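Only one chain is included here, represented as structure tokens and corresponding to the form solved without the named molecule.
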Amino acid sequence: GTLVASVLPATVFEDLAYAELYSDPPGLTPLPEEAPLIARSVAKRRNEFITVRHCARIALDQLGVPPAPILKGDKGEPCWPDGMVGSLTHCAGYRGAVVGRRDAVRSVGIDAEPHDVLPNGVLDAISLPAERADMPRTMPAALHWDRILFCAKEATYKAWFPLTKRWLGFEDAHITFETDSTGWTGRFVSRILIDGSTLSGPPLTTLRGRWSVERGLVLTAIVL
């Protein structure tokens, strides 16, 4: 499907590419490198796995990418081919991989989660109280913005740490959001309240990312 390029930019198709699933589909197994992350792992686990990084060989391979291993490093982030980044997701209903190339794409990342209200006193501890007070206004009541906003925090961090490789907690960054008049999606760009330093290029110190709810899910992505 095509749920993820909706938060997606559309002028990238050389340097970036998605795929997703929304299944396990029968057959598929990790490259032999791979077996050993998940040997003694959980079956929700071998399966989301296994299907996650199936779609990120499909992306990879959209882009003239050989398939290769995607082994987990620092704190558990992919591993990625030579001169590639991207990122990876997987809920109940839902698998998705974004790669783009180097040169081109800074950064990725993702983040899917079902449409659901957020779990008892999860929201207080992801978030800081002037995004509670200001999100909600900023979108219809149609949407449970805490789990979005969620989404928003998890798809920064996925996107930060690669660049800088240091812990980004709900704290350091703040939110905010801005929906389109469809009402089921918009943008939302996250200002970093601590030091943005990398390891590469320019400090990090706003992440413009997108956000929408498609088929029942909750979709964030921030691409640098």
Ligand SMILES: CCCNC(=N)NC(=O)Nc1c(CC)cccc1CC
Second form
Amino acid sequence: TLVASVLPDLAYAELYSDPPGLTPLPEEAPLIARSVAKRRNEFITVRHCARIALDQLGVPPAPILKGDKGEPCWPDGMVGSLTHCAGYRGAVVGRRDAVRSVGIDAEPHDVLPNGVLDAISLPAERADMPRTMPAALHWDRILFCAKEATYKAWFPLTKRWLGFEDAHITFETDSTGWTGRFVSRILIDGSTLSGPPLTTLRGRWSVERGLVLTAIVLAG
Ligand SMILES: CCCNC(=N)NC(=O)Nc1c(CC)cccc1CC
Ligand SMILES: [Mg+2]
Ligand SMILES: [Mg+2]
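Return the form deposited with the named molecule bound of this protein as a structure block, the form solved without the named molecule having already been given.
Once more the chain from above appears, this time first in line as the rest of the complex follows.
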């Protein structure tokens, strides 16, 4: 799997297409009652992945509903994160006693559209990241992925907004050249609903088969 390369009580499951025959759980059905087919398929497939991963942690097949800010609603005692892009659906779930929060993201390994980089980055990230990332790799897309994984690990614990300028992310590369680590340092107040505040979120990145994958797993 691609997501295992960015992971260190924890389970995952991913699919690269939308298999026929999959249906949503009846509780989930109204959330895509009048949605386009592309949205319906990615919604159904990634939640099947979620249930495959939750089954590994002993959780019966349950519906994954959405909160007021779109965040996924996990069964009791479980955390996780979902992501879907062109050609990828991914789910990583964890046991809340040992895993405090999870955030993942997948994007096609392409250059960002013009003007997007300025909106998702801090000036020091645009300056230092070309020097720590391998040549030809779309470091701008990877940075955006790490921003997205950061937000998905941040929000379930804080329930507050986190802008692209509210976290400074530094990157490192493994000797293998296409994987590495990153550190997301929150610049605003990281007070959580429970537990110690969020200050530093460490994660992993990987480019493989035309996809960028990032993931953050916070230990409980
Ligand atoms: C440092 C972290 C900053 N990163 C973000 N704040 N990331 C987003 O808000 N991502 C987003 C999502 C959530 C995946 C859903 C819909 C639209 C967007 C972008 C407008
Ligand atoms: Mg998506
Ligand atoms: Mg995404």
